[PDB]
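Next up: just one chain, as structure tokens, the form deposited in one PDB entry.
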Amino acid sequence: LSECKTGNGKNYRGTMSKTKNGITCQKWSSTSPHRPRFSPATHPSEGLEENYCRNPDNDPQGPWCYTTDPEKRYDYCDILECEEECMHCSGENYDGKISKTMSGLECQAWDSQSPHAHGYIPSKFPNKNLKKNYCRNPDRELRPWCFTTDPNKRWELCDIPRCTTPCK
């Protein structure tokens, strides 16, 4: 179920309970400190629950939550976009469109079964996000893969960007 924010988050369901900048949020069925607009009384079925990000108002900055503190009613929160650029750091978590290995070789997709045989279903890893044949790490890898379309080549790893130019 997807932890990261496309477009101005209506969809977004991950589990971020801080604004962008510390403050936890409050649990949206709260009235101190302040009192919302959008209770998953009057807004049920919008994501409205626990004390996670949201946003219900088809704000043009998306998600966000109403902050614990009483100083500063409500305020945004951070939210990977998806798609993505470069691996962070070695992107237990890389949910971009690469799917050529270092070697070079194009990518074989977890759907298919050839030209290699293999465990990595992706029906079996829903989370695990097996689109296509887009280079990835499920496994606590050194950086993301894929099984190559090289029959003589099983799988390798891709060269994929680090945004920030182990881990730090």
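Positions refer to the first chain, counted from 1. What changes on going to the form deposited in another entry:
- Summary of the rigid-body analysis between these two forms: the C-alpha atoms of residue 63 and residue 93 are best fitted by different parts' superpositions.
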Contents of the next structure:
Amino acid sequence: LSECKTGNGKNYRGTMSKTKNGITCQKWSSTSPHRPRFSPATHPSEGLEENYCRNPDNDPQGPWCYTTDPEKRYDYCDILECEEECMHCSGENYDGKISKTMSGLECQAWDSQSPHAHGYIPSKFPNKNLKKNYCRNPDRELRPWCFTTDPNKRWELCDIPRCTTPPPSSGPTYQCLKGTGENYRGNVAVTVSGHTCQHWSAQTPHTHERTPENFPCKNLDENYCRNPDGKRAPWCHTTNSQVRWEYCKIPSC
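Okay, that was the form deposited in one PDB entry. Show me the form deposited in another entry next.
No partners, no molecules, just the chain.
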């Protein structure tokens, strides 16, 4: 079933099996390390299968599970809230029904190889929500898109409404380098070889698509080094007409 939830998740039937703190859930049909007050024998219509997170008691805090930690009887799980009316960030979790592209073309179905042959086969990418002919962003495009039914346009981006509420929490950000700097939010604006960063909102001296508009949840503010895509460390386009982009040297945390 659908791996996202709505409201307090009373009807959630996804397969999340870790608590919000990373502890593996205990099976509902198991009595160690804790004795469940909810299990299939007594609550057969609550979906208490395997060790998936559920809300058998209508908890306002949403889905939870008994945990395999003897010291923690149960805990709430971290589950993707469904994005149907609008999308957040660049729509990697968009799960709505819009099926027309920018120019108004009807989307080709993901399970169809006609008129365009492709590799986004739903059963090969089962967790990508490649349903019917709905616009999706399975792997790093600017926003949700689809192959089109027009033989003369292989694919095109779709016009998906952006949610105005706050985005999903993505964990903590740092003013120092941790890992590949995906969580960096400091103010360094110079590269390793000493170049001045070009503002992300500007298209000179270099044209690009890594703009605050396309990537709202990446905080591509002013000309601060950022690692909005999947690079080794933070980087930025430079105001040097001869160096399109370069990595920045951010002090580790």
